[PDB]
Each structure stands twice: as structure tokens, then as C-alpha cells.
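Number of protein chains: 2
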Amino acid sequence: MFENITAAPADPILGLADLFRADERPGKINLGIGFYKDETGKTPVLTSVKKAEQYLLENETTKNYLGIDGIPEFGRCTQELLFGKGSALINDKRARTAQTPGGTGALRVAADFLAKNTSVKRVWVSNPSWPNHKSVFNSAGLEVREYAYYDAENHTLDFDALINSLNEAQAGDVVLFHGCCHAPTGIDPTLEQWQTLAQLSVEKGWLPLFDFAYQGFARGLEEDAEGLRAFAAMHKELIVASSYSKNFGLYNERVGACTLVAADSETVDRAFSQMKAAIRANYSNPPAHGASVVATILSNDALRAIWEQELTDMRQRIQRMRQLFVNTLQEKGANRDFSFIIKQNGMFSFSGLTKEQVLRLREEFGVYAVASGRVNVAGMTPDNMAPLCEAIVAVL
Amino acid sequence: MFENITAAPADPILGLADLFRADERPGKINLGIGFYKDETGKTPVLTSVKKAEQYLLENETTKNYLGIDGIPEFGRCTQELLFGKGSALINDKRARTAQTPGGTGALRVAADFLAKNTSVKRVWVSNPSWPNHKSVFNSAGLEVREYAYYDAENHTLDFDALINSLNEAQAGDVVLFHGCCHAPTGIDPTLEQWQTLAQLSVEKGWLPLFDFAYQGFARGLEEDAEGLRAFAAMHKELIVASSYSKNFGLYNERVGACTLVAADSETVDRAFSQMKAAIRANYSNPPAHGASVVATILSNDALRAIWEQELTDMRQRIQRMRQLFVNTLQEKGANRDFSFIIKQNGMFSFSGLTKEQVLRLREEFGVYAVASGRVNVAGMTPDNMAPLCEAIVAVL
Ligand SMILES: *Cc1c(COP(=O)(O)O)cnc(C)c1O
Ligand SMILES: *Cc1c(COP(=O)(O)O)cnc(C)c1O
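As they're listed, the protein sequences go chains A and B. For my numbering, count along the first sequence from 1 and bump the result up by 11. For my numbering, count along the second sequence from 1 and bump the result up by 11.
Looking at chain A on its own, in the form it has when it is part of the complex:
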């Protein structure tokens, strides 16, 4: 039965992880990680979550199943974070939120719901984009298409190419957008661009699907939601897959949400019932722990204040490293421009290095990066900054 099953393709980032471990060299740096690290090169569990976990340990009386859509407070809290405390979408009750196993799980339930309950056949993804996108949509039976986004030459958002390729999308096609901190470029549309993208979206009849995994990492919680809120003000329907893996440092507890927005409550309720049928046929109901921690933090003034402070700390550290990187390279004698690094958001960016450069950088200096030249800024610390930049300068 399984005797002729061909092996699945080796995951390139996992392959890197191994090579890094097996590296005897002491001064090795790893910039192809995919998560946050502080100045110590550690990914601690936030103090606000430790507090919330002590609270749960002392107050939980049962581990009985949650409803299909999860914890009610968690849903309410994510909707406000997404649309604003007094949004009409919330007052008119046009949105329903289902707690899912992480942001990836939210995308998959959207995919299954979309594929079995609507007429969608294609999903438009940016080029480049977070790698796992295709497989999620493709396993649900949807076809994936790509629209232009990155300008390799000038290192920016090729708005023209974006809009041009996106016009080949037909009405009823789903268009996926990164809410903020676009992965892997760190380049986000400006507000005016989001506004024209929403208006255009309405004319052509796209079904927007927002992947929101870094709210709080670009400018702030509310600032980062601006784009989505520009779309939500104009659209009668949309879907948003959110993740709390990075902003709450809860990676392994799988906490995210899938929010559906329809023209009215009657329609959102009917559509939501099918989204619940999709969940039931998958994992039945969601993991309480991680989501329970998020709901108690967000609903407690004291705990939320601490959390918000921890998040800005992370944001600022990343903002600090991008700046340090740029001018440390500018000190070692770069005779090349890397100033674009300061204009990008989140922990990712394309360094502009070639595969051969990243390869010798690894074998000759122990600096590990992804073949595409993608580097994670959270892998840089004010201590490894000098040896890093010297290696960069040596291969330029």
C-alpha cells in the first residue's frame, strides 16, 4: 500500500537548521530562522502570558470541549483588534469569528469552506509570498495564481505591475493580502495605495482574504490594521485569517482566528454554519490553552498594558537592528546601498545577495541565510553585528 510512496521534498529551511547545528565553527550566525529572538538570541515566553497561565492553572475547573468556534471572549477581542473598538461591522453584527489552530489553520478552514460552499476556483497570491500558502489552497482543491509585487531593482512595491497583473483576475476570484509586514519583503502598501486597492477590488468583484500575522510589528496595533479597515469599509464580504503566534510569542500553542464578514448578520450566520461544518470535519474543535491565555490578557487592563509594552519592545528591537545593520555595513565600507532596509517592516527582508554569495557566506563565514537572500533581522544582535557585516562586505 505504502511500498511505492515517493518521499516528500526536503524543506529547505529545515535543511538549513541541520547544517547550522552540525557547524563546528563558534562565530556562526543564523538569519534563516522564521521567528523572533531577543538580544540574547532567545525566544522567551512573554511575562504577560506567564501571568495569564498562572491565572488559568488556578482557575480552570474542567477541560471540557469548547464550541466549534472556540472561546466567545477570544472572538470578540480579535474582532476589536481587527476592526476597531466601535466598528460598524461589530455593531451591525456582520462578522463571526472561529478560533483555529494557528494562522495556518485559519487559512485551511477558509480554503475548505470556500472550495465546498462557493464558486471560487482560484486564489491570487503575491510573488513572492509565504511558501506554505500554495499547499494549503491546493490541498483544498483551489488553483493558485500570482500577482507581481516586488521590484528587485529598486527594492520596493511595484504597484504598477501589481495592479496590471491583478486585472487578469476574474470576478469571484479570491485575492490574498498581507495585512502588514509583508513576508518576505517587509514592503507594505501605503494607506493611499490600500484605498485604491479596495476601490479597485470592489469594481472587479474580488473576494479579499487577509493574512494577518504581524499586527503590532510595523507601527502599532491600530496603525497596522488601517489597510484592512480601508477594505472593510467598502466591502460587504471578506475573510481574515489571524495569528497570535508572533505577537504573543505563542507559536506552539496554535492560536489564530478565521473571521468571516458578510453583508448582514442573517447571511454571515448562514455562511458561518458551513464554516463550522468544515471545522467539524477537520479537528472538531480548537485547543483552549493558547487562546484562553490571549483572551485573559486582552480582557484585563493590567495584563494587556504589560503585553502591549512587551510587543512595542519587540517592534523597537527589530527597528533598532535594521538601522544598526544598515550603518554597520556603511562603516565596514560597503560602497553599495542598503538603505532600503530601514524602509521595510517586520523581521524579514531580501538582502539583495545572490545564491552564490549566500552560499560562500555560509561555508566560508558560518553566516546562514536563505538562498533567496532573505534574512531575519531578529537574528541580529548588537554583538554579532560587526562580524556579520564584515562577512557581508567580504562577499560583495
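Careful, some of the hints might be misleading.
Stated by the list, open to error - Interface residues of chain A toward chain B, partial, derived using beta-carbon atoms under 7 angstroms:
1. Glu50
2. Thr54
3. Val147
4. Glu264
5. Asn293
6. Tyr294
Treat the hints as calculated values from the structure; they're not laboratory data. Backbone N, C-alpha and C define an ideal beta-carbon position, used for all residues, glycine too.
Using the hints provided, position chain B with the ligands relative to the given structure of chain A.
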């Protein structure tokens, strides 16, 4: 887009839950729950898990992503629980285990892996069976077929009808088996029957898929694995979806495993890589909490001893209620036989009541049961036993 989406069918057990809440009557009993309850009608978090959770709270240093297959110790521990501490399957390394979001999630990843990596098209399910089975398999694109199992007249396993209908299954067809405490009948094959079922299974070329959600609820941890171990000794390949929701009282933390067994390590590794690709396209990686709690209990002699004692306590309570039920009915004057209740395992059984009987039992006595006459024995307490049986006798 969603404007013409038809609502999903109302879940009958959820509908019951509501009617029960809205019942003004004081002496109401609920036998259509689906989970365990102690003498107080409560579903507490076990003492061993509370201890393990205190341990984690004080020892966790990061919430970073687990590997696709989850915690390594958790996998090792479930394999021993399943196949025995020194099984050849473990020594020869023919099995790989992936931690999944609950037992339902294990079935879904098996479904997706099966549908996209093999030639399976049909899955044979017992009649009756746990309701959600069909949707899991059907959403993965597999067709579901049913084999006979229950003998309504004599209230037992219709082995003849079972084997007879199962011969229409072709080679390469998956046959689903409940490891123990068959839901919803509580009727399990005897060892000799499991042995003939395994031998037969080998001749016809079925791919056995075991759904193991109640290990420890029939006779004991090892006793309950006998059937699976009879099959594993003869088969070169099989799949087992396990759940820790009921035996660890961890319902909402979604903890289960999907174990793949192949002829050798080389083949199980190659097949397992595709199972991991399937997980990646779904929820990416599993929820650490619930599974972390299970792994620390199972690997600690002290904590495991307490847990094993808590599990037998649950088993015994259920065994006590079945006995009490039978002779309390036999005291109120039943002039009918319910002795079969004592011969069934787990918390479920068909009472033998008709839909009209269960209906008037509800509206006239406040005793809520499923339309099929299925009752949950854990909903009975030595305190509600008399009023329960009086209602039963009144509608007979
Ligand atoms: C992290 C991430 C996700 C999914 O994350 P989970 O870890 O599954 O919550 C989805 N999309 C993007 C762009 C991400 O960065
Ligand atoms: C409880 C159960 C499952 C799945 O349970 P989870 O709650 O998802 O772990 C699967 N099959 C049967 C027969 C069950 O009783």
C-alpha cells in the same frame, strides 16, 4: 458570494443541549452528553494533569514551534501504550507517530494522506458508528461504506452479518475498527474474533485503520490494546488514530496521535514524510500544551501511577452505574430484560427505547436521551438512579 449559502444541518446533540438548558423542571437528567462526569455530575481536570501543568508553568522557557510531528517523547509514549513496551514494531522501527489536534484531527490527516498518496477510494465504517466519521473521510474525497455490526434483537455483535458484508470490500479498501468501547454500542469483538478478523483482513488485503479513543475504559490499558496488537502482529501496514481526550480528561486541549506502521523503517519514513506534508498543508504543527501534559505524566513514575489510578476510578464508576441501572430497573418492576447493559463497555449503549419513548421521556419526565435510544452511563449517579428508572418504567 455568500448570499446564497444554505445553512448547515442543525447538530441534534447540540439541539438537545439547548432544550435541556431551557427546561424549567428541577429533576431533569441529561444522558445525551458525550463525555465523562463523576458522581457530582462534573467533569473535573484530573489531579495528575493539574500537577503536570504546574510543572510546565515552572519549567517552560519558550513557546517556539514544535516539529511537524510534535513532541518526540509523546510519540514514544503513545507507541508503547499502543503496542506494548517491547513490541517488535518499536524495535524494528516500523512505526512513526505524529501528534495531532485530537483524535478527530488524526483521522483527518490519515484521510488526506490516504487520499493524496495512495490508491484508496473507500473507507468501511461500522453501522452504527461515531457520526462525524463520514464527514472527515468525505471531505478528504473518500467514499464511505458501512458494514453490519449491531444485532438490535439480541443486543450484540452480529459477527456473521459483519463478516458477510465485509466481503464486498475489495483489496486496497480501508476498514475502520474501534479499538475498544465501540461507540455507540459498547459491544467489542472478543479476542478470538479479533484474531479471525486480522487473519481474514490479511487474506483480502484490507488496510486497517483503528480509531482508539477509549483505551483504559473497558478492562485496562493493556487488555484494551489486545485487538490492535492481534492485527499488528499479522499486518505489515496499518494506521491508528488515538485520542487522549477521554482517558486524560483533556477534551479541549486537542491531544491525539496518528501512528503509521509500514513493513520496514525505510518505507515508514518515506510514507511518513508525506503524512507530514499533509499536516503542513493543514495546521502546520500541533498544540504543545495538552500533549506536553500527557508526555510528562506518562514518563514520570509517580505521576503515571496517580493517573492510572484516576482512570481505573472512572472505569469502575462506569462499571458501577451499568450494574446499578440494570437492577434499579429490575426493582421498579421492569418485566423486560436490560441485562445486556452489563455486558457492554464504555460510557455508551443503546437503551432499546423507541424514538417516541425517548420523546415522551423528555417532555413528560425531563430525562433527555438521543433519539436512537443512546444513553451515556456517566450521566447517571446513584442519586438520580431511582427517578430515572421510574421514568423508564413509566414509558415501557
Ligand atoms: C506566521 C504566518 C502564518 C501562520 O502562522 P501560525 O504560525 O500558523 O499562526 C501565516 N501567514 C504568514 C504571512 C505568517 O507569517
Ligand atoms: C472521542 C472520539 C473521537 C475523537 O475525539 P477527539 O475528541 O477529537 O480526540 C474519535 N472517535 C471516537 C469513537 C471517539 O469516541
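**Item:** Hint numbers contradicted by this structure
**Value:** Hint 1 alone not satisfied by this model.
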